[PDB]
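Could you put the whole structure together from the sequences, leaning on the hints where they help?
Below, each chain spelled out in residue letters.
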Amino acid sequence: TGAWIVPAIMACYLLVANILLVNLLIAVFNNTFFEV
Amino acid sequence: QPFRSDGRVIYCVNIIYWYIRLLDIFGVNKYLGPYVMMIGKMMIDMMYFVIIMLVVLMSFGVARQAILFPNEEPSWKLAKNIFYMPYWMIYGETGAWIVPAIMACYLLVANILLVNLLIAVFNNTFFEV
Amino acid sequence: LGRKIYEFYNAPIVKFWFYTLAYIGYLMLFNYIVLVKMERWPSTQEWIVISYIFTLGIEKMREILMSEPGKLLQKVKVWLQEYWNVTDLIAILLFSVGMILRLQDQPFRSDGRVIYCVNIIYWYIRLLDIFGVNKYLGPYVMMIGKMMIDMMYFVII
Ligand SMILES: CC(C)CCC[C@@H](C)[C@H]1CC[C@H]2[C@@H]3CC=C4C[C@@H](OC(=O)CCC(=O)O)CC[C@]4(C)[C@H]3CC[C@]12C
Ligand SMILES: CC(C)CCC[C@@H](C)[C@H]1CC[C@H]2[C@@H]3CC=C4C[C@@H](OC(=O)CCC(=O)O)CC[C@]4(C)[C@H]3CC[C@]12C
Ligand SMILES: CC(C)CCC[C@@H](C)[C@H]1CC[C@H]2[C@@H]3CC=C4C[C@@H](OC(=O)CCC(=O)O)CC[C@]4(C)[C@H]3CC[C@]12C
Ligand SMILES: Cc1cc(NC(=O)[C@H](c2ccccc2)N2CCCc3ccccc32)no1
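Residue numbers (the working numbering), protein chains in the order written: chain A, 1 to 36; chain B, 1 to 129; chain C, 1 to 157.
No lab work stands behind these hints, which were simulated from the structure alone. One or more of the hints may lead you astray.
Computed, partial: chain C to chain B, Cβ under 10 Å [to be verified]: (1) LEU29; (2) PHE30; (3) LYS37; (4) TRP41; (5) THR44; (6) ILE48; (7) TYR116; (8) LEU137; (9) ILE149.
Yeah, the Cβ is synthetic: ideal placement off N, Cα and C, and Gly gets one too.
Pasting the structure below:
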């Protein structure tokens with residue numbers, strides 16, 4: 001009936017877990033290259 | 001036989017070079033030539049990266065092989081384990097907490113440091129050529 | 001000929017290459033004593049690693065004694081201002097604790113083996129300080145140094 005709160009959790013997990021934070025990390029480690 | 005299998009293996013390792021040899025021709029293409037020279041610079045860059053990658057990675061691998069499987073007899077299969085098992089350790093898993101610190105540092109320094117260092121290195125080498 | 005030998009072996013580059021060949025041998029013997037069996041009494045390959053750690057401890061004591069300031073606490077603080085000296089001392093007391101636990105019977109031998117297995121990690125990481133001098137590896141070592149602080153601030157988020 002209302003078993004749809006869980007796929008929203010997996011959907012936000014896929015949205016913010018790798019696809020945000022990992023690309024933030026290559027961006028951070030790319031900016032620190034030329035400064036040193 | 002069994003020298004026919006050795007000749008087949010030598011043919012099978014020669015076809016690799018006879019495919020790699022096409023990069024010298026590709027070196028003349030206005031769009032492939034920069035990529036061939038980029039492979040040429042990235043070979044030296046990855047060669048210098050490989051020492052730090054080994055120092056980071058096979059030390060843990062030795063740590064995993066000395067924490068787990070504590071009864072491995074002296075044989076040459078130990079070296080094959082310590083540079084084959086951590087190569088495929090993606091799917092692998094009172095005071096029994098020293099091991100999760102090892103996995104935690106492994107996840108911290110193995111991919112999430114060295115791989116991003118590698119896209120950073122290969123991104124800096126783009127505009128210079 | 002003796003003057004030539006003494007002039008060769010007192011050179012700093014010769015000392016550096018001799019010292020890193022002795023490390024490479026130390027890493028080899030430490031890998032051997034963490035992969036092969038370990039009994040009530042240590043083998044030759046483990047007594048060599050024990051003697052390695054004890055002679056470095058004596059060398060670090062000579063670094064404590066033979067330095068520039070005259071006060072003992074002042075020269076101790078000056079030597080401990082460098083982070084690598086701190087982690088080297090931490091590894092020396094860690095190895096002596098692991099050896100003392102290993103010299104006892106079971107289950108303390110497993111604890112000594114675990115302490116050896118966590119000390120080999122630092123004794124591989126210590127090579128980054130040497131790599132810091134390579135014209136091509138030194139930038140990468142400093143990049144690891146900045147990326148440690150960057151990943152530490154990233155880890156909270
Ligand atoms: C840090 C990087 C650059 C190199 C790491 C090298 C190690 C992975 C090697 C170097 C010394 C090797 C050991 C040297 C000697 C032996 C004995 C060998 O057994 C025999 O030769 C049987 C006969 C006998 O000696 O009794 C089995 C492999 C083993 C443990 C080797 C396992 C792999 C080791 C630890
Ligand atoms: C900077 C330098 C000191 C690095 C080079 C290290 C070598 C000088 C060491 C490392 C491994 C050592 C060996 C490790 C084990 C043995 C076996 C040991 O013999 C036994 O234990 C029983 C007899 C046997 O079966 O050999 C005799 C010494 C020997 C050859 C050692 C001789 C000295 C070696 C070659
Ligand atoms: C000059 C720099 C690059 C250092 C070179 C170090 C090597 C000369 C050492 C380091 C590890 C040593 C090995 C470590 C352990 C063993 C096992 C040892 O065999 C045993 O302990 C089993 C019993 C037996 O002796 O038969 C024989 C010597 C050997 C191969 C050693 C031979 C000498 C090695 C290769
Ligand atoms: C045990 C053990 C450790 C070790 N090596 C060092 O920890 C280090 C070193 C590391 C790599 C290459 C060369 C030397 N080293 C040895 C002597 C004391 C000392 C002083 C200042 C800086 C380095 C250094 N050898 O056996």
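To see whether the hints hold, each was checked on the structure:
A hinted interface residue such as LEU29/C counts as satisfied when its beta carbon comes closer than 10 Å to some beta carbon of chain B; here the least separation is about 13 Å, so the hint is violated. Hint status for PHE30/C: holds, given a least beta-carbon distance of 9 Å to chain B, under 10 Å. At its closest, the beta carbon of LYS37/C sits 8 Å from a beta carbon of chain B; the interface hint therefore holds under the 10 Å criterion. Below 10 Å, beta-carbon pairs count as interface contacts, and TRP41/C has none with chain B, the closest being about 18 Å; its hint is therefore violated.
Among the interface hints, the one on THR44/C is violated; its C-beta lies about 14 Å from the nearest C-beta in chain B, farther than the 10 Å criterion. The interface hint given for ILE48/C is broken, as the beta carbon of that residue sits about 17 Å from the closest beta carbon of chain B, more than 10 Å. Nearest Cβ of chain B to the Cβ of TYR116/C: about 8 Å, under the 10 Å cut. The hint holds. About 6 Å separates the beta-carbon of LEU137/C from the nearest beta-carbon of chain B, less than 10 Å, and the hint is met.
Interface hint status for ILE149/C: violated, as the beta-carbon distance to the closest one in chain B is roughly 12 Å, over 10 Å.
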